[PDB]
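Sequences and hints are given; from them, build the entire structure.
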Amino acid sequence: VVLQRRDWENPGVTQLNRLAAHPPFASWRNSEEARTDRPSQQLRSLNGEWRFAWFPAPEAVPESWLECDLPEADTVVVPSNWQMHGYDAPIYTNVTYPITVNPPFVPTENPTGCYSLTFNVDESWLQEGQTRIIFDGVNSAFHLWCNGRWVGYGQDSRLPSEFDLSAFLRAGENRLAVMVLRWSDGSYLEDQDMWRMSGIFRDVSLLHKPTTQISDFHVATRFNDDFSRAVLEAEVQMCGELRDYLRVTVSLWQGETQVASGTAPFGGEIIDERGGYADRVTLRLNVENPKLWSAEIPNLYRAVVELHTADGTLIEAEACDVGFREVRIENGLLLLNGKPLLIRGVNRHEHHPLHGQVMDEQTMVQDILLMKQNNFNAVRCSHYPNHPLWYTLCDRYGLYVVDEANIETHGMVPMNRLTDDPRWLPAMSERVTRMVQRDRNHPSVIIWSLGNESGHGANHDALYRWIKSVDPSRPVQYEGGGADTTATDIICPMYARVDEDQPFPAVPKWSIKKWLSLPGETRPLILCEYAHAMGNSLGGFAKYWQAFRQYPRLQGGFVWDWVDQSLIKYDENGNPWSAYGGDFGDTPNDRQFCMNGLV
Amino acid sequence: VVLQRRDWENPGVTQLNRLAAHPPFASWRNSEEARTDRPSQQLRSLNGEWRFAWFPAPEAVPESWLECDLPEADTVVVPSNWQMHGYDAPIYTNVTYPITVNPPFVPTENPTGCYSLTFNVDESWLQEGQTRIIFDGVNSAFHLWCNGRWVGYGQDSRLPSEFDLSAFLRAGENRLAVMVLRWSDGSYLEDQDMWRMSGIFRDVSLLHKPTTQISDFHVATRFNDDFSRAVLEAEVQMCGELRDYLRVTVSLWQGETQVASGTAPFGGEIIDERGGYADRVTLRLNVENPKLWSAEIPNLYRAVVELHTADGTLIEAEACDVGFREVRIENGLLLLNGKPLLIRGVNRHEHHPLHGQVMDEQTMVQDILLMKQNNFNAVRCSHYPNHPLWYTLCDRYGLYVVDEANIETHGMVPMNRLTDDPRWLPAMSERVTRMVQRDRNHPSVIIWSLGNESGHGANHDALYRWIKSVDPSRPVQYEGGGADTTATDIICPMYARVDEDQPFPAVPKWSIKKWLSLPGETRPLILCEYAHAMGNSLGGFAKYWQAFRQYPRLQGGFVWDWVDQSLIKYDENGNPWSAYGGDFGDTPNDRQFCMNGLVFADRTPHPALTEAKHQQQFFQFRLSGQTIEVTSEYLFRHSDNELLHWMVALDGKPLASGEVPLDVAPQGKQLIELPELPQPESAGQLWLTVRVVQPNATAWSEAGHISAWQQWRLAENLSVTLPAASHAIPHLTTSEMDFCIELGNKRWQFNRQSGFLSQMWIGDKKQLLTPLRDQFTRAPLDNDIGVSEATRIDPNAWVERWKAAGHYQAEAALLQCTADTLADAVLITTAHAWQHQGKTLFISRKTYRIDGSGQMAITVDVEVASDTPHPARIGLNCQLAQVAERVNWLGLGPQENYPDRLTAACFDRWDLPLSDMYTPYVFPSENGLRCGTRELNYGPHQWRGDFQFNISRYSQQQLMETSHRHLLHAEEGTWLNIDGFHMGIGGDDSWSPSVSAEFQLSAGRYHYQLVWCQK
Ligand SMILES: O[C@@H]1[C@H](O)[C@@H](O)OC[C@@H]1O
Ligand SMILES: O[C@@H]1[C@H](O)[C@@H](O)OC[C@@H]1O
Ligand SMILES: [Mg+2]
Ligand SMILES: [Mg+2]
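Here the protein sequences come in this chain order: A and D. Just so you know, we're using the entry's author numbering here: the first sequence kicks off at 9 and counts up by one. Just so you know, we're using the entry's author numbering here: the second sequence kicks off at 9 and counts up by one.
Derived by calculation from the structure, the hints in this document are not laboratory data. Check the hints yourself; a few may be wrong.
Once the Cα atoms are required to be at most 30 Å apart in a straight line, the calculated DSS-like pairs of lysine-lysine come out as [what the hints assert, rightly or not]: (1) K476(D) x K476(A); (2) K773(D) x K517(D); (3) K476(A) x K521(A); (4) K476(A) x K1023(D).
So this is what it looks like as structure tokens:
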């Protein structure tokens, strides 16, 4: 049935049985634990030792592997990329796709990773409530089994996939089986210039929720003219059986002091002729003289959301960090808290020389301290959503973030072949909508980006307008198709020069001073990539900074880029050395073009 | 594998293996055949006899059915709806979904239609090229097999689905097997107010293409400032192996003359850093002084697209009709070819009373001719893409079209539950993008619509912007979420009133004049639905047309709607009758709410159609003394097939006439001086009547078609002649029970206990079957009932207010009844009070004066309590003993007319048979009123006054208690209702009170008089 359908070769199927996207949940059962961000007993990690077997194609996987472990399987650490353990070669390629271009088909020789885990679930987890599994990231596509029964299917490597496991678990020993494919139709939208690797490369978790639960919540802030009064507006949705005694409380804390609070029953205001949302509620909280969030002073509040009965009993609690800040474009300038920003930015890939594309807290913290120590205030997630912990750290230390959808089709001819085709609009919309649903509560995220190097297509206009309408609190940018199309709020060129024009057919790169003054143009200009730092480089950097400071609508840009993407290899004596494209037998490749870092 | 996946319960799977959407193709292999639109040998129909079996669910279909035919299958005609053959019931429901609301799941009891066909494919079709099957429409979802192997899966009932069959066919006998499901997750987006039916309801075709083929093409037109030069721009894409010798030619023909031509190889201009489309080409053709397309003059060119080799050999040809027209919104107005449109529009469902939702050419052509004959210029596809032939006919005859995506989620709570959810954006985008890809080359399509009644969601904004960016040549409209959101170029309310605001929470309906001027508002306003035509309706229609003509940014609207959605059933004798919701055992249902048409389901007109024709006329007339001023409302054509007939008549008798040829420029005026009119001696009102007549036949009309008319009062002479004094005196006799008056052979008898005229005799022949009594009520109209959902009752509805107050139950009490002999007459004087539970509702004081000439003069004075709801009428009724063949009257006609729907009727002398004085509305109500009447003749009786009347074989009581017209039976004699006054009929909508205050009977005191005599 599974190898009969071939869901990985069909751009119309991007998932089967996958749950709705939402902000990170821990499902505390105690308001104090939620407030102070202590670990939740209801959120269990499955990171550790799994069993793994490599196969050259999905038709080579034996049927028995769904029932029980293979003899010829190894023990591996999860999260990991399987190419960092020597099962096949990592591939470094820039523009050219690492497979024959024949969308939506992939090769029949599609390397396959089979992972499996035996784990114990407590009795109390099965008696009541809902148990879900969460894959924070799997590259590129995967099918999931539990206890031999098929659960679901996922695509997009860079965002979480959640499945309901309640009807599949049993008390005692359970077994998961994950089959992961290197190539899928999703691969055509992921042609970023980076190592092409695969596996379960971000965390795996079990979460237990009650049957009546918070299913989503968003936080918005609104200010008066001089930022001395704010209204915090929280929207909460519940799932499960609606009852008259259910209440929601939202409280806002600064350290140990409660600052604001609101309670209400379910049932919103009338939306249209048929009524309102019975399963939703909106709280408005007033805050006098709020401390504002910026990269210079990252003041944060804590918001706790409680679902309780009218007689006080707590069902479930969720929480997030809240920063009060307003971003808007007014009269051609990007303003934060009423003042014009100057972006000291850098592009940053998730890369480690030993672990490949697996991030940890320690490496993330090291990068943020070095960035701030070198006078950076902003980071661009080139070119996909990051690990969820990254945003929390940027909220706490103070960096502005540009969050980017996982879409790049650089190697198509022409570049907009898929982004102008309506048959791909379903696959592109999942990449953009799920990103906004996960990250919209982080104060550090200040701009959304529709992806990178995909030409300009009608699908980009559609998705630009989707974001402006669900989230008006942040500008949208997109560089493709000449950096100033109707799908961008900011003119955002890549590698335009200060004084010299580069007059390419259809997609010219004007000098940045000339671009500002073209007939009709009123937007601000922020370079999404400039000053390419490959080897011994950054000549002429002072010339950009002279222009940023002289011209009000030149508001800075993001350097390309933070860290060299080299990998480690060993010689005969066991001494380590830095390796780039081609050094793994990967062919064709782009040699040393993967090292462009400041560090 | 198929029943394991359950693709019909997953909004993320809308198709499997379905080909890309494109304009209609025929794949001619000869440029002459393509140019002249002859049938293609490469396009084969499979319409005809298929085999069919019905099952209660998809798990009941036997495995063998993929291999070979079932024994217990029938032979049926395709296309068809299976409910029209009695396999299950059709369901009529308005808002409530016909299944439990639990998206995306459907019930396990999901009726399933299994169709199959054995057909022969020629050898030449398999040797080379590509064979595809095309389903023009299947409701709601289906899986397809060929020769036992699974091919593909489709959803969206209203657009074509195409599958490649090349690797599945074999020479000789082939078998298709189609399994169709009534319910799917697609059903949640198709909650239109209509019959819910299923099956393969549009055509099925095989198309053969070469391996190197045209895969798509679009046509755009661009003009200079005065529309004297045009550029036609054609974009062609090919599929298959690219070669250096391939060429494309585009040529443009007007009749038999070639007008423009262009040739090029493949390879477009650079698009971006990676290059251009190697498989695409763009031709630009210049056309000097092109003939422009409009609904007034539908000039069409023919465009032929040829894929050929550099040495001349033709691979394949495609073609389409091209009309040159520019639509844009500029400075708050909708312009066509630089001139502001005024939309005379109607909403139209695809409905046939025998065939259900299956359309044919003949029915389509009949609808277009009637629309144009009644002064409509525009049609809205409510609420889904139509049959592909519909657009071709609208291109050729000239109607503007609004094309609508198949999305409606009316029964969700709230209405935007799915349209605001990102998980449904994939399913909604397929409905909008495939529609634009199929229909964008039709010149008649002038506006895209995003669907109907689905609230406002982020998915609507996204799809609005998708269309503006792929097709900037047409505006987008959408009514949901308050009719003025960011997802619409035109403010497009539904049922907003001219003068009165309706201030609902979140989604208010301002009056249309106020809406235009709200702070910030700059768009044009076109009502996407107005004047709901349910039963006896369209009161207040003139009020909209007055406002459309006065205010530049009010550019018209679409009437709801064209045709009644009734079905046919049979009785025991095999006689057909019209059926509405509930009549098939379907439950729950919405009863008669499915009949809202201007015409009956068999395309006979209701009386409201004539009111629409007059209000929408293209000539306007003013009279100043002896001069008529004729103004043209045409934008593009000179009046070259028009002459003006005038006539002057005195109380029905003609005095003078004439004809003047019209010569009036678009938007111009012509003065017409009338000859010195005759001065008559006799008393009476002079009337002038003008009519515009088309002397020559058109594509859409016969010779002598009347397209416009107007009437005015001229001079009046009041009658100062006192009646001739007769010698005879009538004789009064007084018993205990009765007053009796004799004069000649005539006799009148008044009952002293009831105080009513109880009998008249001519000779010994009794004239009445019921006494002559006051009447204050009518059999309620659909606007009086005021219900849209059969589960929900409004206490503000007229009928509920009348019933609570006791108008249908009020009993007359006699106050006074006396008789006097005057010198030359007898005078009878009566008074009555109508009561309900102590409360006096009405008082009536009458005098009857019987003179020597035999004329009875009746004078009536009525008082109405100020706190009872205003009565429906103030008049008399009786049942006459005789039945005559004809009715002759002097007053407004000849059609039924009411105080708020009488602008189209003209004052004259009318004569009709009795059966034309009754309007056979499928749900029986008050009907047949004629207003402004001075004289009525029926058999030997004559009534004179200034009154309204209806005359028929059915009492008001029988019309009130009977739910279907076929159950009415003629009573003995004839029922006559004569009214001094009558309430308006309403019809701004049918689910709230909608009679304007100037047509309510709120004066508190009323007076009228009649003379009854024997002619
Ligand atoms: O490929 C990298 C980046 O993604 C691109 O946009 O510019 C060049 C750089 O090396
Ligand atoms: O249901 C019909 C139409 O679709 C709706 O929009 O208005 C009322 C009418 O009867
Ligand atoms: Mg790139
Ligand atoms: Mg509706």
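Results for each hint:
no.: 1; hint: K476(D) x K476(A); in the structure: holds (16 Å)
no.: 2; hint: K773(D) x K517(D); in the structure: violated (60 Å)
no.: 3; hint: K476(A) x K521(A); in the structure: holds (28 Å)
no.: 4; hint: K476(A) x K1023(D); in the structure: violated (79 Å)
Checked against the numbered hints given earlier, the structure breaks hints 2, 4 and satisfies all the rest.
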